[PDB]
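K.L.:
Residue strings, one per chain:
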Amino acid sequence: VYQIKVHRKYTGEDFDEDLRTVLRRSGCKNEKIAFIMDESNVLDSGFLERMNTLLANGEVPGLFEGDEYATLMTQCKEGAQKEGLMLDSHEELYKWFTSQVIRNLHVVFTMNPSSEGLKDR
Amino acid sequence: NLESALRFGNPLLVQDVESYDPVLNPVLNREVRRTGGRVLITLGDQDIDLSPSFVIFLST
Amino acid sequence: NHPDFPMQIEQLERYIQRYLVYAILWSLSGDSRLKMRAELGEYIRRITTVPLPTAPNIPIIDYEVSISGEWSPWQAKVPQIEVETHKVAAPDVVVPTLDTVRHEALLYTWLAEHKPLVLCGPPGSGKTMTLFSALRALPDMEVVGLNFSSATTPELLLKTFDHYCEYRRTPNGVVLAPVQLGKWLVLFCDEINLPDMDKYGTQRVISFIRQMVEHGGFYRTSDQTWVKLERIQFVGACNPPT
Ligand SMILES: Nc1ncnc2c1ncn2[C@@H]1O[C@H](COP(=O)(O)OP(=O)(O)O)[C@@H](O)[C@H]1O
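Residue numbers (the deposited numbering), protein chains in the order written: chain A, 2958 to 3078; chain B, 3622 to 3681; chain C, 2475 to 2716.
A hint or two may mislead.
[To be verified] BS3-like mimics (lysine-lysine), calculated; alpha carbons at most 25 Å apart, straight line:
1) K2589(C) with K2702(C)
2) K2561(C) with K2589(C)
3) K2561(C) with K3076(A)
4) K3052(A) with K2589(C)
5) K2551(C) with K2601(C)
6) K2673(C) with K3076(A)
7) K3052(A) with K2657(C)
8) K3052(A) with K2633(C)
Quick caveat, the hints were computed from the structure, so don't treat them as lab data.
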C-alpha cells in the first residue's frame, strides 16, 4: 500500500517525483503496488491530468526524460535481465516497462459523494 | 511551533485554519506508532515523538 | 478487372445515379441519429426520381449500390463468423454487423482519398475498435495512437512526427515523410475535442491540424521553413461536444 504524503507545500514536482518513485517500484521491481489516492491529496487539476494519462496509457512519458530516463533504462534493463528477457534498444524495454506497470500498478481513487463534484471530475 | 508542541507536550492553539495545511492529517487521525518505548508520528518526510500532554485546538 | 466487357452506358448511368442517392444519404445525414437519417431518406424518396428499392419499411441507408448498379442489402455482405473459445471478449476480435460493415465501407471511402474524418459518438459504442479494424484491414496504412488530453499541445504532434517520420530535402523543398517507405501514416486522436481552448476561444492543436490538412504541411520552428507533408493523413474520434 502506498499513500502520498500531501501538505500545503506539496507542489506539482513533489507529486511528479512520487509518481516516478512508484513507477520505479512497480515495473522495474515487478512489485505489485496499490496506489491510494484521495481528492484531499489533490491540490490542482494537473494531478488529475497526469493520472488520466497514466490510466489511459499505462504510463506517462512526461515523467521520464534526460538522466531520469537513462536511469529508468538501466533499471528496466537489469529487471529484464533478472526475469530472463534480453532487450537492447530503448523502445522494446520501454514497452516491457509499460506492460509491467499495466499488470502491476493499481490506482484507486476515493471521493466523497458530491454529485456536483462528480460531474466536475 | 508544531514541533515544539509535539516535543514538550504543550497545548497549542490555531486562530486561522481556513487555509488548511494537511500536515495535521496524521495528527488528527492519531496515526501513532509504538516502536519500543517511543511514540512516533510521521510528518512529511520526518518522524516526530509524541508527548501525551500535547493537545491542539483549531479555530475559525 | 473486366477487360473483355467494360461497362456500357446504361449500366454506368444506373450505378452512378444509385451511388449519388447513396452519397447524399451517407453524407448529408452521416452525422445524425438513425431516426433523422430515416427522415432524410423518406424526404429524398418523395423528392427524387432515381429508381429506389421497394422495401416496405427498410430505409435505403441499409442498402448499398452494387458494382452492377443494383440495390443490394447490406445484410448479405455481413458474414457469420465464429470466434475461438479463448478469444471471447478479446480486444482484437470484431464481430461484423450492420453498423460495423456500413462504417467500414464509409471509412474505406474516406481513407481512399485520405480525407481526415472524426468518429463522433458516446463513450464506447465501438468507435475506436471499429476504426482499428478498418485500418488493419488495409495493409498499406499503419496506425499510431495519440491520447489528446485537456493540456494537449502541438509539440506532442511534433514529437510524434520526429518519432515516426523524417525530414528530407527535395527539389520542391524539405518534405516530412514516414521513415517507412511507401507507407501512409495514420495519426489517430482518441479525443480530438478534449483539449481546452485558450481565453480567446482557440484550441492550438485543432488549428495546427487544420493548417496542415488544408495547406498540405506545416512550419518547423527550428529554422522557420515550410514543410510539405507526404504520406501523412489524420483520423479523429471524440465524444459529442454536448
Ligand atoms: N463489432 C464489434 N465487435 C466486437 N466488439 C464490439 C463491436 N462493437 C462494439 N464492441 C464492444 O464495444 C466496446 C467499444 O469500446 P471502444 O470502441 O473501445 O470505446 P471508445 O471508442 O470510446 O474507445 C468494446 O469493448 C467492444 O468489445
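K.L.:
Would the pair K3052(A) and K2633(C) pass a check requiring their Cα atoms to be no farther apart than 25 Å?
P.N.:
holds, 17 Å
K.L.:
Checking one constraint from the list: CA of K3052(A) to CA of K2657(C), max 25 Å. Satisfied?
P.N.:
holds, 23 Å
K.L.:
What's the verdict on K2673(C) and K3076(A), does the C-alpha distance respect the 25 Å limit or exceed it?
P.N.:
holds, 22 Å
K.L.:
Between the alpha carbons of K2551(C) and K2601(C), is the straight-line distance 25 Å or under?
P.N.:
holds, 20 Å
K.L.:
Holds or violated: are the alpha carbons of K3052(A) and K2589(C) at most 25 Å from each other?
P.N.:
Distance of about 31 Å is beyond 25 Å: violated.
K.L.:
For the pair supplied as a hint, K2561(C) and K2589(C), confirm whether the alpha-carbon distance does not exceed 25 Å.
P.N.:
Violated, at roughly 34 Å.
K.L.:
Do the alpha carbons of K2561(C) and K3076(A) lie within 25 Å of each other, as the hint requires?
P.N.:
Not OK: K2561(C) and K3076(A) at ~36 Å, beyond 25 Å, violated.
K.L.:
Mind checking the alpha carbons of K2589(C) and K2702(C) for me, to see if they're no more than 25 Å apart?
P.N.:
holds, 17 Å
The structure does not agree with the numbered hints 2, 3 and 4 stated previously, though it agrees with the rest.
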